[PDB]
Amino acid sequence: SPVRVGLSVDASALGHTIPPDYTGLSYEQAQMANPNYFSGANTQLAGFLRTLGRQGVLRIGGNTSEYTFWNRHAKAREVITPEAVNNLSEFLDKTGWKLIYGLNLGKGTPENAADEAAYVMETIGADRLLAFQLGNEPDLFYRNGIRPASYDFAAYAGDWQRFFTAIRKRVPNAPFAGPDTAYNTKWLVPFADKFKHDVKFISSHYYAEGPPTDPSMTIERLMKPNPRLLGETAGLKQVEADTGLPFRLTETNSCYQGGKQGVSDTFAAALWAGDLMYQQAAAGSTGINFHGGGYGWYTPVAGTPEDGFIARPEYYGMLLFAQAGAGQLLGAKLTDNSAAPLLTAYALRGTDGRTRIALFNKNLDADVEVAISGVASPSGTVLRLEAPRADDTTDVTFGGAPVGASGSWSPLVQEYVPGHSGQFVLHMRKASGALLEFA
């Protein structure tokens, strides 16, 4: 008893071109305390990244960049050694991903940041290094006394400039991004205005979960539009118009403080994440970096070098995006969809010339039947993003297969989308996703 909706693809309604390095992950700087983590020896993790994209960005930063200290002299407080940086360069070579690297503006010195930046540029080098960032979420330094309550944008601008100047003496070509926090008017907007000639792009953060006074995030709420996201995105677009700076979402996940068990670690997070990737690409974002590491509730990839790594449910939403590939987004308008309002759809003219459609039936209790118009093709296939329940922590498949070890994945189920009268009809179960590819 599906809700029968229409989807109209318009090849003449041109949207943004998705860049090849749109995908990405965000990790804590403290991972850099174990040189076995981002290492050429970590073949498992490298394979999970390659499956997420042949190009992409690894962002390292997070709150642990308050208390992680580069020590050129070395072989809560964590230490980054030359060997760790050495090994990170090899990991970037194995993955093909670029790097956003956090420096310690919260507790470190400008001179040590210059020295760390110099060694990163010495060993990772300008091609692989996309940006340094000078502190993570500086607007929240006060929450744990990294700064006093009085710390404001002026104070941070003074810190930022001291660090930037010191770094640029050691590393004249050092690239920067900032301010590495969620859009706001008291920090991000003035950062862009003041430092637009000194940064390459704006780095923003986004957690679907709002302030902790909100009702605890639920799967139901995660599937719904987030008006705050829409507003912040519009703010970032206005910043880009005013300053020329593009924006990248350098730390995001469903819920903050490590994720919420029964939301962040579930199949719903795959639907959320995959949809968010497209939503933000359609809005003009240059890319995304889903935060994770360890066995946190929200991590895309869980595990350790000693015990092995696995793909968590959210990974599978990122995998759908990866399998779709890059290209130019096209108009894709839904109709007759008020009874299935959480279905989203995105159409893409792939770089290879083929039309694809990514659909996320985020309606938890409505199946849909989608009548697709605007595509002329002799053959459409679908790969489904599936789990038996929206809150499942396992049992997630894409294309009829789980992801295996080291990011291994290939589709095992072939399904054609029936075509007639120049249209296609696709059924989707409640709480499912689909990637269509047209011949």
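Heads up, when I say rigid core I mean the largest set of C-alphas that superpose within 1.5 Å between the two forms. Numbering follows the first chain given and starts at 1. Compared with the form deposited in another entry:
- After superposition on the rigid core, the C-alpha displacement between the two forms reaches 2 Å or more for just one residue among 166, 310, 364, 189, namely 189.
- Superposition on the rigid core between the two forms places the CA atom of residue 353 less than 2 Å from its counterpart.
- Once the rigid core is overlaid between the two forms, residue 295 does not reach a Cα shift of 2 Å, moving by less than that.
- Superposition on the rigid core between the two forms places the CA atom of residue 19 less than 2 Å from its counterpart.
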Given for the second form:
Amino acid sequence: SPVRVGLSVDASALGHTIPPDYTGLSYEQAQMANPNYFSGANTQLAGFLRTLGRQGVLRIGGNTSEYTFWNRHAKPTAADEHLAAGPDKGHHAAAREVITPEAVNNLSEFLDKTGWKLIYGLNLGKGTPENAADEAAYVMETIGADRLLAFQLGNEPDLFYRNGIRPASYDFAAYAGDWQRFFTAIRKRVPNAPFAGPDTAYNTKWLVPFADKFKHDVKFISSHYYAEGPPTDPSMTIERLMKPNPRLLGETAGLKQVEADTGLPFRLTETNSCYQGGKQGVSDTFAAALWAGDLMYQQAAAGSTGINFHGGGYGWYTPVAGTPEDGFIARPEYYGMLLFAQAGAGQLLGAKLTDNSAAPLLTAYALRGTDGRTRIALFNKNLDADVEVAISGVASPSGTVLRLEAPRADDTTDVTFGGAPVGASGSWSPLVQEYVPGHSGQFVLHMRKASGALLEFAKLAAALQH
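Structure of the form deposited in another entry, given the form deposited in one PDB entry:
The following holds one chain only.
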């Protein structure tokens, strides 16, 4: 029989605001070698982005951002017209790649079709300062100041000391040396160039020092998060993914500290379920939908201003898989992001769970949407326990629920949201939407084990609204 838990919504306890550009994706800079991928002609991928959000952020970086070289004088045919660059697997140096001017032109078209903004990585790892300044000039001219959110100078510089990009003695001070040189060169050529950093892999000790040292130079602070890895490790499983861990706790403490101590916004600019390119039977499963949806809300509740889920090609953890030649499809993780998309922007509200020690992995977030309607996103990440949730503090004549479901937590397919799969080019409409009648602010919702739900509550006395 279900675990009976209480959910107390407190509309008077206002939390952080979820901005319209909260959602986002991350891709390898190596993708810029193929101008057909981020292109106005890539209507399928653009549709998947628009379904994820009217607004949102595309971040380009990753390990390959150290191995990609802008060449303003490249033959256009230097482009690899067939490349679908999956997440870097981090085992060794990536292939070097050239970025052509047409790739940047096509990226602008893609941003225009999607309505998304851009975070753009620059090659501080293996590139020169002059070439970074040239690259930044072209991107600023082509993408424009309205859509260019930030440049980032190097990806995960806290790992340079061990992956061969720098000597083993590389540390924060040395990175701050590197960063200052690149910054200055770029600003000389592009006086309005926006920046973010440090784009760190894990090392939260770099965050406040970076923010303090470069406070007047950056728009926001960024760091990364991967829940699990390596993939070959038998301890890295679906159940573990449903649980908090010390890394997440430190990253969360980390973002709170930098926001409190500096007043700069934080963005989680690269995240996914398992590093080294993800884990088959974990990252590509319905479990990842619950993981990602919940992470979006948990991060927002802690103060994050956005997220970028890493992906590309047919990578085990990619939200969207495919190529311009064969077409694109939503993987399971996409459906967690879709639940968030459907919930929309607004302001988080107090929502406390009780009597939940036998269902400890259930999470719930309450939101007053921009339109004034209360929503509740719930993730029953308990793999073995169904729950019955007694919801109080929501006064509405009624709510509807859209379910996030698959027949088993490890399914690589059969994933639906609101009773429907996502179709071609991001097409999605709910086909199953159940009612919940309520009284005195009280509602009772059952959820199967390993499932999600989005509740949307009706306005009071709004039946005859225009």
